[PDB]
Amino acid sequence: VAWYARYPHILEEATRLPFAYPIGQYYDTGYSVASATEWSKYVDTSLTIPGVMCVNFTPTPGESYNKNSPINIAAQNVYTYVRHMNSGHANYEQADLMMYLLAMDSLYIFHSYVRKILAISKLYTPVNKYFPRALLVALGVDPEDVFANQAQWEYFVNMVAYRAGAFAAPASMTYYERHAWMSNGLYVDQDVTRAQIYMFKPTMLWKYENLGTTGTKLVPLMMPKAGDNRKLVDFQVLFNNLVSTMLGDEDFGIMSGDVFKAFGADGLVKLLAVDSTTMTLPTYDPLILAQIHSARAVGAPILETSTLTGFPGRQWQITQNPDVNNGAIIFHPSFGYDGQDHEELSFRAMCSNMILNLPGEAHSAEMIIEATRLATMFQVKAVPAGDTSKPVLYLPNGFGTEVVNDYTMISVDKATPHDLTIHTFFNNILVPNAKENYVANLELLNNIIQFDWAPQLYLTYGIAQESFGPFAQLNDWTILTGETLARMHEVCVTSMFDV
Amino acid sequence: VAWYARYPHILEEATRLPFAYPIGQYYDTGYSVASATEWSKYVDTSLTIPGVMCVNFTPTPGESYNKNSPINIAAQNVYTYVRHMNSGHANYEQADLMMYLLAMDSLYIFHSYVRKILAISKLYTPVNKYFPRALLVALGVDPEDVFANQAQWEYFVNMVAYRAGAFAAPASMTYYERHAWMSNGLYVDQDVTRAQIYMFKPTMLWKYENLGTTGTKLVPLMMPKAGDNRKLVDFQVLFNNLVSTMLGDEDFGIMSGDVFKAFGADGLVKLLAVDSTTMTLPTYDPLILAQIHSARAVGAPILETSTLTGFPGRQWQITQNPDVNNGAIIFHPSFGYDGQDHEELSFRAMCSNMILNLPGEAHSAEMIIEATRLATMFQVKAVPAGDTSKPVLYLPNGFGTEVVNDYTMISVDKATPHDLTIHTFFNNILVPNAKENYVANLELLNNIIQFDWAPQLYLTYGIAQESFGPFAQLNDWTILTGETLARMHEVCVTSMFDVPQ
Amino acid sequence: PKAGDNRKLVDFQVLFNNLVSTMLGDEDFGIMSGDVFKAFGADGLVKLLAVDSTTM
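Chains as they are written, first to last, in the deposited numbering: chain A, 47 to 545; chain B, 47 to 547; chain B', 270 to 325. A prime marks a further copy of an entry chain.
Among these hints, one or two may not hold up.
Computed list of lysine-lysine pairs in DSS-like fashion (alpha-carbon distance at most 30 angstroms, straight line) [stated by the list, open to error]: (1) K481(B) to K263(B); (2) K87(A) to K427(B); (3) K481(B) to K481(A); (4) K460(B) to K427(A).
It is worth saying that the hints were derived from the structure and are not from the lab.
Required output: the full structure, derived from the provided sequences and hints.
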């Protein structure tokens with residue numbers, strides 16, 4: 047239009063608009079019709095933008111139920127490598143060496159978690175009100191405690207690194223590097239200033255728990271959830287509990303000495319020290335974005351204290367018995383547990399084949415492999431012992447090194463005083479008949495759409511008795527089968543457990 | 047790392063997957079758990095992808111209710127130009143010339159509509175089964191009729207172009223260029239092969255119907271909606287109705303000749319001919335995508351035959367009577383009409399301020415002004431004449447040259463035999479208490495999410511009695527005010543109706 | 270407006286609209302303006318200098 051070219055001054059004076067609204071603060075759009083107040087709650091003048099979502103992952107060996115599993119193959123390989131350069135101590139097995147290594151991984155994950163907690167609290171920007179209190183709430187700490195005891199937190203994480211330097215683990219194996227990189231980073235969905243932050247929080251750890259002559263057993267160790275005012279004393283208690291049965295074990299000292307002899311001190315994994323001038327910075331990572339987008343929730347871990355009607359002895363433990371399954375490492379968990387002893391009908395929508403969504407047109411093999419690391423489809427229902435089966439558990443076909451349990455989203459409340467909100471959910475949400483459930487689900491959906499590569503959702507309704515497929519924007523997709531997913535997971539786990 | 051570089055053959059054999067699923071057919075994902083067949087409806091194995099969305103717009107002069115309106119200023123300017131450049135017949139006025147120009151615009155819109163109908167039918171690609179049957183269904187024709195009478199269709203559209211080209215309209219007025227570029231193209235949401243098509247269909251035309259000493263009055267003319275199997279005889283009836291009082295008229299010939307002398311043939315607007323070798327291609331245009339995204343539906347038009355209890359005489363006509371308002375062109379419609387004589391509760395959600403969402407970080411004034419041409423917010427409810435007010439009508443604060451009435455989306459059915467489906471909706475969707483309404487609304491939302499720059503949604507619930515804000519992914523947004531939008535529309539209309547001097 | 274009157278932009282807009290209420294959009298006035306244009310073409314016509322933020 048030549049009129050715009052002829053009157054740019056009037057165009058500029060007519061197009062003066064304030065952009066770049068700082069996120070993390072509640073905004074009211076106002077009323078276009080000033081007399082619409084008679085319809086009080088029939089008009090939505092509120093506008094809240096979420097700014098962070100936490101992916102509650104879990105480190106796993108990858109579906110071992112016999113001696114042909116990648117975990118057992120890596121156990122045999124690492125034991126052969128250690129013992130063929132070892133002249134001396136012969137009192138442990140490949141399985142024992144691998145439980146060590148897994149405990150090393152768990153405490154490395156803990157160190158990365160606490161280091162991220164420390165480095166986040168120094169982040170303050172005018173364009174984002176979520177920084178850093180929302181992130182600290184999502185990770186499950188007390189921002190006031192961190193602000194008051196920054197020095198204590200720094201020295202505690204440094205001491206954690208120093209004490210983790212006592213034992214030795216291989217650095218060629220990429221398990222530790224992948225887990226630390228995943229759990230020690232902030233990821234934006236877009237390369238924009240007011241972007242949304244993606245976080246990974248370990249839902250659980252692997253307290254080593256040696257007792258009895260019937261091998262070892264990695265018992266679950268729970269982790270703080272979002273909205274928990276956990277302090278440095280609680281985190282120190284957690285670390286001491288983790289390393290309580292880890293030091294003072296002469297067999298563990300023997301394993302550490304043998305791996306130190308095998309892999310030289312230069313070839314070990316070392317936790318880097320941190321100081322006051324270390325700044326964590328959100329980064330754009332398309333690979334992590336894609337693998338977050340193609341992630342499927344598996345539910346809460348099952349503990350000994352968790353009651354389950356008809357499913358006894360189904361805890362998430364890594365059992366190692368020399369006289370059971372020929373001494374192979376066994377880890378066969380049952381998914382579909384949410385936390386309460388009821389059906390959780392929403393998990394029924396996970397029984398369909400997953401859809402792998404990818405950006406762009408041409409996809410490389412490595413990118414496709416990295417894009418399905420968190421994907422996990424159920425295969426069969428676990429057989430309930432007894433006539434009562436109030437919960438329903440699904441046995442997976444095979445999973446990768448990490449499994450996603452929940453997703454935590456933090457957003458501004460619509461009501462006064464517009465504080466942060468805690469939203470934990472799986473890939474499937476069940477909405478029963480209620481006055482506010484539908485609008486709450488609508489707010490949930492709109493908040494999730496703000497994130498670019500959000501995980502695909504599977505909504506279900508209690509009144510229609512009908513679920514829904516992926517609630518996502520499909521760009522370049524394919525239908526994945528359980529066998530293909532199992533092959534990809536086997537490849538990825540074997541590659542991760544390599545020396 | 048090294049393991050991938052050490053077994054790349056097995057990596058490739060494991061990562062060979064079929065991609066680029068052709069859209070336009072129902073895809074069944076199967077069952078991962080073979081025992082899930084007991085839960086019949088609790089597992090959604092269906093996967094349907096929408097392929098086209100139609101924007102049912104309406105050309106408007108731009109909110110005239112006085113002689114000071116931009117349309118009247120432009121009418122005075124163009125009449126002065128023509129009368130000063132010409133010597134001879136002085137028997138019409140600025141208002142008469144302006145309604146002549148509006149009728150010419152309506153004819154051009156109709157010709158572009160039929161030309162696009164003809165040109166779409168020759169589109170076929172293996173990766174999109176929506177071409178061209180779904181596009182024709184959205185446009186409101188019978189694809190069987192088009193393929194049976196292609197020759198008759200080409201002759202009819204060629205005669206329409208020939209008969210519309212007899213009259214003259216200025217090409218320097220960018221009104222015609224904007225309308226033609228809007229109604230003569232297919233637009234993809236992404237620059238990918240399996241993209242979704244954006245389309246523009248005129249909901250209403252502006253039949254002249256010149257009669258009486260009381261000036262002229264451009265009455266609405268309806269057009270075929272989607273899902274109507276209208277044929278060439280119906281389109282010929284529509285054209286003959288449009289030009290019944292316009293072809294062979296001496297005063298109209300006088301006005302067309304005067305416009306020719308004013309703007310000789312070089313400066314006149316011309317319709318491009320269509321034949322068997324004309325191919326239309328989908329194109330990617332971020333400007334039209336943005337102005338689609340920031341578009342707010344205003345509801346169905348009000349006709350003289352449409353009953354409205356408490357709102358009598360609110361037809362969408364362009365009145366020009368010399369004895370009222372000093373002979374100025376009058377056009378002030380009442381929005382909020384859906385088609386039936388009831389409340390239409392979903393329109394209450396539009397009383398909030400609109401949010402102008404734009405891509406990128408830095409936005410030029412050009413993009414900001416071009417991204418809000420279809421936007422329209424209500425200002426005050428129109429008063430109901432009498433004590434009964436079953437419908438509710440909202441008076442706009444000021445609109446651009448086009449107002450969007452409805453949206454139509456075409457997608458495959460989940461059930462056998464997976465035929466196309468018609469989904470007509472405004473920006474606001476109302477769901478009452480029903481077993482199927484919630485799942486249907488979820489299907490609608492998931493279909494809309496597939497479109498990239500889809501218009502923002504305002505859902506309301508029957509048992510909640512509560513609406514919801516913009517159901518869209520905001521990237522870089524601002525809250526727009528009624529006064530700012532009125533200024534923007536005034537500038538846009540003034541720029542739209544421009545005449546050289 | 271006299272001195273000591275805190276008249277604002279709305280008052281000045283009211284004054285302008287009152288001044289040109291019967292003068293803008295009038296056919297006889299347009300006829301006279303066109304006749305004056307033909308008499309004294311645009312070179313010989315009086316013009317108002319535009320004002321913006323950089324006029325001192």
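Quick rundown of the hints versus the structure:
Our distance criterion of 30 angstroms between C-alpha atoms is broken by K481(B) and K263(B), whose separation comes to about 47 angstroms. In summary, the hint linking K87(A) to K427(B) is supported, as the alpha carbons are separated by about 18 angstroms, within the 30 angstroms threshold. For the hint pairing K481(B) with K481(A), the CA-to-CA distance comes to about 16 angstroms; that is within 30 angstroms, so the pair holds. For the hint linking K460(B) to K427(A), the alpha-carbon distance of about 28 angstroms falls within 30 angstroms, and the restraint holds.
Hint check: a violation occurs at hint 1 only; the rest are consistent with the structure.
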